[PDB]
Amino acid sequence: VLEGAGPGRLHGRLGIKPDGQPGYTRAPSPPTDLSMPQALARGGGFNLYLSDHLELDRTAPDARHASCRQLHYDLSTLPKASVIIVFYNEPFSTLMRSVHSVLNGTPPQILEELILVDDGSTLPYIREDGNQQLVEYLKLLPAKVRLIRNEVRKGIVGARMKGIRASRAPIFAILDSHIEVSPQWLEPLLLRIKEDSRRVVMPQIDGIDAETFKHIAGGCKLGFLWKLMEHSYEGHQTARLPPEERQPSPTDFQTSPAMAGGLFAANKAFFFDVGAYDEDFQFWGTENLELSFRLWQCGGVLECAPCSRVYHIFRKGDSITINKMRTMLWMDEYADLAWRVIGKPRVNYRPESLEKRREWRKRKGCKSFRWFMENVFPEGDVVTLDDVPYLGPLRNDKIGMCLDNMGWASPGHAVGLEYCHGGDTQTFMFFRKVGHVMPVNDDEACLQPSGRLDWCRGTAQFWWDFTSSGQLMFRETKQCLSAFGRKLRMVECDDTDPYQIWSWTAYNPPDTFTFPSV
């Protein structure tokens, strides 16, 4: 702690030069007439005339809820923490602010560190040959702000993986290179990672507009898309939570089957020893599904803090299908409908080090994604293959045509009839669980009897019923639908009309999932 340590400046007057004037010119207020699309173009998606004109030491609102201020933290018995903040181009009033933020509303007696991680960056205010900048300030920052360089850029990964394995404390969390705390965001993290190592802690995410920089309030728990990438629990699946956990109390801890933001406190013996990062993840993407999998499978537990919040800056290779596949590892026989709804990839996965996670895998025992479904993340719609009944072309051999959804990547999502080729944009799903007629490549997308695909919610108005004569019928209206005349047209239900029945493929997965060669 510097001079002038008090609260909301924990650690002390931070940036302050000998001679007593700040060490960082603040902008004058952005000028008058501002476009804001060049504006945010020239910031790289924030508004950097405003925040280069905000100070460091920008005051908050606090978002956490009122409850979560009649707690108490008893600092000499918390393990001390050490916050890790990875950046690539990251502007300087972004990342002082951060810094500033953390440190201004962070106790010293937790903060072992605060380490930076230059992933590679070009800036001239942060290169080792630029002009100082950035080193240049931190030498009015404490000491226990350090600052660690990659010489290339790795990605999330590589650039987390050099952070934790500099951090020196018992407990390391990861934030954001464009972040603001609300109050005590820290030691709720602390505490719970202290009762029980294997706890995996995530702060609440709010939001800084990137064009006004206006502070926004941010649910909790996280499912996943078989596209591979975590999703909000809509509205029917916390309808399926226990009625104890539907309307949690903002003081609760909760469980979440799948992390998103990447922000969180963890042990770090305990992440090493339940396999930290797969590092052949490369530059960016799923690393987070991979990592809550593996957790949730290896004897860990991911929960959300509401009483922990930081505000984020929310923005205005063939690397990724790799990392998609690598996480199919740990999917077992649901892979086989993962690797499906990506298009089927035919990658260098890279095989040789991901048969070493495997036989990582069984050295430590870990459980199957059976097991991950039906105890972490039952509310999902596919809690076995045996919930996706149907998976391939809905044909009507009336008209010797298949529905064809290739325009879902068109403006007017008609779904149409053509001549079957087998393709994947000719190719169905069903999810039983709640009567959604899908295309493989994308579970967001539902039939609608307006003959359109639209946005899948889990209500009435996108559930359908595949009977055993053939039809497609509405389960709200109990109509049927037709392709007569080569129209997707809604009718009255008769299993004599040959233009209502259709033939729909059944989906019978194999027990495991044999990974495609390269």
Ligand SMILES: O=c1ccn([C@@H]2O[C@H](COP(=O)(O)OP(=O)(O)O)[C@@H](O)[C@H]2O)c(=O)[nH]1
Given for the second form:
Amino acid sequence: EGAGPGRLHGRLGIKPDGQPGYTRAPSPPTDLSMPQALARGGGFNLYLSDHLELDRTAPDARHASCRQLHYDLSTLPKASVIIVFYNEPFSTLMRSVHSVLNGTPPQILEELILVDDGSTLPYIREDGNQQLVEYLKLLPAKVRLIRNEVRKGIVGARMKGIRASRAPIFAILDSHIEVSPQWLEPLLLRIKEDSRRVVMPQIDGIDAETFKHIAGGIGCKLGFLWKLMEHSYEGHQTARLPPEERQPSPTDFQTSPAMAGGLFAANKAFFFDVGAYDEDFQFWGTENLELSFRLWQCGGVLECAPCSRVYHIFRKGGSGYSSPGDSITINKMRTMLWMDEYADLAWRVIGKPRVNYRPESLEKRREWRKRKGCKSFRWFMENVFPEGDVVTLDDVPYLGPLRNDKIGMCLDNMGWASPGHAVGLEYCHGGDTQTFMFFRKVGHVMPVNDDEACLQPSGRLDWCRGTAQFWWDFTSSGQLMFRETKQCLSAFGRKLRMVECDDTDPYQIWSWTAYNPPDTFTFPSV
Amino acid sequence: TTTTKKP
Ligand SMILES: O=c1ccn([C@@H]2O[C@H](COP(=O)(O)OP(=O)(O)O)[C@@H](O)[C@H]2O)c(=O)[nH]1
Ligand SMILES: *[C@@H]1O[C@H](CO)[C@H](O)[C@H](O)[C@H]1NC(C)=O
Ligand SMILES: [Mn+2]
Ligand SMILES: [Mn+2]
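Now that the form solved without the ligand has been shown, please provide the structure of the form solved in complex with the ligand.
Shown next: the complete complex, the earlier chain at its head.
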């Protein structure tokens, strides 16, 4: 077919009739309640998605320096792109396919593997209307569909795709994305030089409501929160980088402690030698951190390619599928195997859960870790993520009730550890709603169940920032002194007010349990 | 079932 710039595999989805194999929809109805449409489409507007062409032009989100780079497609190795999906609408899934095929040279694209993770939508089912399979006949033979007869989850489906890939390199993409030009060449070139590099593109945004292409998505340097979820470097963390790295060139690759997950390229052979995925992970969540920690610890390197840009629909006001509530908690328990003594803090943050994390299966993972020679999480913190606020557990000197003995009451998050509400005073009962922890590097006073919520002298919790707005000092006499104003927190009259610091005033004296975790985290029973 | 966009 007619191949050229913008259609590197030719004109896609055209019948012998000469008409598209896909009938676009009319403009979305004017009487459209965006919240309701964000539900029908599982987190994005399917009315507008269905109206938009599959050969959708996207702006080049790449910095001008990236286009001045040349690539030799005859020296690069081929790559198998793997898109897995569970109940993804037709318009988004097939626009992701068109974007890849249209924006990836055939010289470097071995195959495009579609992995149906036990979908139930009629347009996907094998006993359905055959919409997808019939439409795949109108696409290159590179494109291949394989199926999990029962939904296994992200890890289950990505393994089915990876194991089936035949290229030495594989690239995983979500099923609701659009690429910027030359998205794959920077990844291949980087892994060609060292097979131990797992390289992830910079992610951009497609608005779930309007489908506008947005410049900034996720970025490069990514840390993690103690709720076990990736977290982009905040300003005070970038400030801790070596000065030669606080503002790198738009083309230089950068290392990242963590990845966003599902958008990374890797040498197939090294991916299996470094542990692949923990296939006892369930459905959705946290496999990106288990992979990130295991990668750095066991001889791998995680890098971000600022010149490899992919647009991504971040779901808003909705969700595309339903995961069991306990599957995420399990995945976090299995991830804590790689955090060594630090699992005590993470386990306390996610609420001291007692779930079935397949303990027998995790012990075989422990053995694998020792036999591979993987390094500790302390090494990881001190050498991979040394800019975090908790590098050793000595950075968390307090964890427990903040109790004022005068009135005999503890601080209480009042049910919502989430930011934006007021702290209170209540009779102490020991529950997690009354435990607070202290991050000394930023003077943050947080509820143990959310390290994004910080105490403020206003008496209310708010989003944590590494600035003087949130810095507290805990004096040797028991005072909570807001450093910026040198005023102390008082519990006088069962209200929280800032007063002039006087260590002879019992209403501003607080007791706070010291955090002295054991050298080893002993998992809870089942 | 959602990873959030960087601020
Ligand atoms: O049980 C599942 C859950 C998710 N997915 C797919 O895994 C990818 C990543 O999941 P999701 O899109 O929810 O993560 P996000 O990137 O949107 O935060 C998507 O293409 C999903 O269709 C899957 O194949 N099986
Ligand atoms: C996504 O947003 C949430 C909001 O609480 C967290 O800040 C999380 O760490 C964010 N993820 C990234 C990649 O920054
Ligand atoms: Mn996604
Ligand atoms: Mn933060």
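Residue numbers count along the first chain shown, from 1. The term rigid core refers to the maximal set of C-alpha atoms that superpose within 1.5 Å between the two forms.
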Of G365, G235, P242, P411, which is the single residue whose C-alpha shifts by 2 angstroms or more between the two forms after core superposition? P411
Taking the rigid core as the reference frame, is the Cα of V491 displaced by 2 Å or more between the two forms? no
Note yes or no: does the Cα of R42 move by 2 Å or more between the two forms after the core is superposed? yes
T32 C-alpha relocation of at least 2 Å between the two forms, rigid core basis: yes
